[PDB]
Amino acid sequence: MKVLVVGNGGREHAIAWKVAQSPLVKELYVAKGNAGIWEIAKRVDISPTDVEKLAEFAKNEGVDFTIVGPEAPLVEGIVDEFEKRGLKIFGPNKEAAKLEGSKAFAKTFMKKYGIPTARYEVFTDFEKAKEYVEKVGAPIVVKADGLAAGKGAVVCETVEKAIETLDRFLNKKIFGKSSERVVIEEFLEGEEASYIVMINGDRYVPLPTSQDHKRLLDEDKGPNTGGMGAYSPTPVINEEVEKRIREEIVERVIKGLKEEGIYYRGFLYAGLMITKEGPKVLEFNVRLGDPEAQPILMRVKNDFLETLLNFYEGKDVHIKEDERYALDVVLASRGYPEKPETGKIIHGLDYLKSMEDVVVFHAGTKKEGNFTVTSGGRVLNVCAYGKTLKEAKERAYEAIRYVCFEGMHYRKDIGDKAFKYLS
């Protein structure tokens, strides 16, 4: 068949990489892609968020199946549009999208339905927010309601930082139509980790477990980014903790969707905090995370295309998780996250293509002639397998020594939190 991935980023490289592996696909299109994806997939030069021109293109072209990468297409109703046009597409519809696409919706779900989450008041007047920060204190945490391109949640150490944040969101509306409603939750402590499932109505298959590293620098310092690296499986989520997420989060999220008559066909990624008091939802995402998809997807041993197709229509599916660990180290350009400098030649990619058990997932890459150059803030994911995490981490830094672009920055400590739980 003819499969299409929507998105341009390292997640979507992962999606098409794993998919190109299935003997079922005969042509692979990506809607826009990056220099990395173009080695495998026809580039379609239509924006991911250009949802009606996407659908018509996929309709004329005869695209037999399509998977969505990023949140914004999902949310703007891509799924709705595909269906108009008789199209098989994996991802939530626009109505189901609201679990990410409006935070205070999901926060009302979660409490209307018993899912462990962080104490919340939702505010649309700037003045009524104001004294609730000084009423319950510092901690606190302040979040835009809509897509702010990940750029929307603000952990505040002081009340002043919190009000300053609320000011930019609610008064200045930096974020537009999506900052004019806030969320103020308690700051939770513990290890964060991610749980990911595919949901199709009332069935759900889990996905490899995974931990992201959001901060820029080594020892969890610097600005907070979209993720600088991930690894799978994370030992943060036990047996006992897993057993808990499934019961207390996913299956409640499952009754809730029944009780609202909201039909969910897609990925659901809980971003969690494992507190001492149990696993809690910090947020819901309606797609794979980036860079978490990358190692999750390395660890999917069976034909993911076929599992998608099959899950897609009510059929019955499993995941063989690979027994090797998978670690993905993110290469950023100078200036990331606030203003990334771009245009830099990338050298030594061809050395990584003969290195055992290394996998490169392009982020921000485009072509300038016969050069591969940076296009963006996050550029490369140099990933690897290991019999242990130690090995996965070592093989990913070994690989990195061969590759390079001016300005390149990466964290050296990806996986490091897993080593206390391991032996």
Second form
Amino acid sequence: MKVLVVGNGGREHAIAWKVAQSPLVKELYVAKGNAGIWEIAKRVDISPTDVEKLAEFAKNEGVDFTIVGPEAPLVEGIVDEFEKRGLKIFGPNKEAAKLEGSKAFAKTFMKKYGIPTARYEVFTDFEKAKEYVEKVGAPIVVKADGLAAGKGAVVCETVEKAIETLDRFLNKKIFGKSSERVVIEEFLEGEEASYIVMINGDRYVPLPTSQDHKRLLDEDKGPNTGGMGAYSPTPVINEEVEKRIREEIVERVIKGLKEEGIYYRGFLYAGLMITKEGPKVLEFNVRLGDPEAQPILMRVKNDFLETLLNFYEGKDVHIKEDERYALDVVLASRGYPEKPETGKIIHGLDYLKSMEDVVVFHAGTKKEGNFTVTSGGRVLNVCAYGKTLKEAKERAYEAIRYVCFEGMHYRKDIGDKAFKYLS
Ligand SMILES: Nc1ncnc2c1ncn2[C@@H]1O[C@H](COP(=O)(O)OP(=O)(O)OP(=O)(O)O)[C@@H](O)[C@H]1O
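Now show the form solved in complex with adenosine-5'-triphosphate (ATP), given that the preceding structure was the form deposited without adenosine-5'-triphosphate (ATP).
Full complex below, order starting with the chain above.
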């Protein structure tokens, strides 16, 4: 069968990599993808957000199954475009994608269905929002309503930073309609963690747990980014935390969707903050997280293509998790998360291909002749398996010693928050 993966980053390389292990796929396509994915998939020169054009391609090319990686295409209704042409695609339709597409929608939904989350208030008026934050004081979190390419959610340590943020969002409208409405919520403290499940109507199946590191620099400093590294599983989500997540979050989302009459099929990644009060939703992501997908998929033993195909049509499935830990360190471009420098030659990729228990997922890489060059903010995902987390971390960092590109930056503390939970 023909399978199409939509997206150009590390999450998509992980997806394609897993799909390519299945005896079912005969032709694998990626739109657009990157240098790393092109070693195992045919390049489709269509941007992931050109949803109508992608649907037309899949139809004409006869794609049997499509898996969507990033949020933009989903929020834009790529699934609806595919359904319109009678195509099978894994991901939520435009209405269901609102759980990620609109913070206001998500927060209102969670309040209505009793889902644990940060207390909040919604605003469309700068003066009103300003007066509000001055009254509540800091720390506080200010978020744009719609997608803002990783710049919509800002933690403000001071009231001044909050008003400055509101100014850019509401007065300047830096993100257009996306920033014309904002959500201001309480700053939550605790340990961050990621819980991802696959949902199809009333049924859901959990995927490996994980913990990401959002800040650019070691000891959680510097600006927020799309994610600088993640590992699986994370002890932050023990047996009982997982029980609370499934019952107070996942199952309540399912109940809410049912009451709203909204059909949901696809991945649901809940960005969490595990507080002393219990797990709370920072935000919903209607797709796999990046880089969370990398270590997660590294630990899914079974044929993931078969699993997705069966789950897609309502068949029961059972995820078999690798007993080994999986850790991923992101190598980013100088400038990231602000304008990244690009066009730098990446050396050492061949060395890593021969390293055992090492896996590299490309993110933002392209070709320049026979050379592989940087083309985006996040460039490489240097991953490694390990019987223990310590082993996984050390192997990943050992691998980093052999890869290189000008201006490369990466955190050295990926996974450090987990050790206080282990022995
Ligand atoms: N209520 C909160 N309390 C504490 N930290 C928060 C809160 N909300 C968000 N954060 C921090 O911001 C991060 C989210 O960054 P993220 O970019 O994923 O926001 P987003 O919802 O995806 O919208 P955008 O991508 O445009 O910024 C969280 O992982 C967390 O570290």
